[PDB]
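Below you'll find only one chain, the form deposited in one PDB entry, shown as structure tokens.
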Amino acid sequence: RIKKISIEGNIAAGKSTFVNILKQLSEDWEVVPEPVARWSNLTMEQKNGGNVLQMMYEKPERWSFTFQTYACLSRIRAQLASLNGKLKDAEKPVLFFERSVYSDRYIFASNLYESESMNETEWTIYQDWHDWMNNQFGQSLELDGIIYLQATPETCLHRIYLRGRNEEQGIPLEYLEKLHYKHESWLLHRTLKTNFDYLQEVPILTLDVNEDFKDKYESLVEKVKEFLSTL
């Protein structure tokens, strides 16, 4: 009865900015930052999170499997914690996930494989480890909906340029372009098949977020509220 909705989009699309706006508008609405975002900048996980982040950057062909598995594991734990810990005293509870286990596999992991940073065996083991590990533990992480925050690679690039973090100034447009295409095919075009038949029919809301919405988001929030009523 808690509604689970994932916020999808490219790097620097505005997902953190969006969910940080959404969380303050209602008591019935909670948020789960993706752990990779927390790793980027201390617990057992945060330490391993930092190290593997750096290792991955320094050698993706060595670390893409290690990182993807841990990133997904951590997300499932961060999400299950929120399902069981939050929104019991809410009449219309909504839980907004920053990305999803589907993003983990069908965007990031899938891209690393296609970039040759995972070999066939690693990608094959990862999919098995994902197919199985979600279809019980994170069985009822099933999402009620997806909000797709669509921004072009250039916007995202400028929002990386604008965010100003030293470590990401070097992310190349080509990669952003690569991630954009994977999102479009899953979320906009719907060609990409998955091993999770319900996702073929789960309702998506696309929002166009090229235009800065920081001072001006009501049309966007109006669209979210309207989307929630159809679920």
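The term rigid core refers to the maximal set of C-alpha atoms that superpose within 1.5 Å between the two forms. Numbering follows the first chain given and starts at 1. First, how it differs from the form deposited in another entry.
- In the core-aligned comparison between the two forms, the C-alpha of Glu168 is the only one from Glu61, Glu184, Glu168, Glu27 that shifts by 2 Å or more.
- Once you line up the core between the two forms, the Cα of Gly138 ends up 2 Å or more from where it was.
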Second form
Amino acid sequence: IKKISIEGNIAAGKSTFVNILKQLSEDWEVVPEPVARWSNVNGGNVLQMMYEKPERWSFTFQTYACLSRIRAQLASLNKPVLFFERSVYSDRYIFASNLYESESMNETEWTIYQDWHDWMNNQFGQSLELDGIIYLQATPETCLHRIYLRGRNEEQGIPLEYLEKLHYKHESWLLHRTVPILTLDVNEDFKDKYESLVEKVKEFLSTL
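Requested next: the structure of the form deposited in another entry (the form deposited in one PDB entry having been shown above).
What follows is just the one chain, with no partners and no other molecules.
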């Protein structure tokens, strides 16, 4: 199985994109971000607790988000392509890093998280090894507008500064490079105008 992660800022359009991919081919499945589990752990909405009080709940969320990704991705392993919606890499190097820099995690929480992540990666790194990255790139302002379209209750307080931080981390990782990466511009609505992206995706997969 060729393993491809779809990376991007919040509301870039990853769920929308991967839904279109799903249907294109019998040989391609998708492992979605398990967001429904994060909003209902009846249960506690930990996604929400993290947004309301990141200093209190970030580590608990991050821990669980990461665990939930690895479970889903390990479980999905059983011309086949598997598209991962995000990855253990963006878990740590985009999101968790940003929480620490932001003082949402303290040094202790951040050490504990990395220790855990290091270890998971040792044990499961070979199997969750990515063959490529599809980067859906949209300006912070576009992602901000898409947050208010989608209208999740948890995400309504999100500062543009937060999105900018996440964006910059994506750019520096995936674009500035400071693994084969295809970068797709998703600033313009693509929900119908997607034919070019798919050919580009198809052409990327064949280089691998």
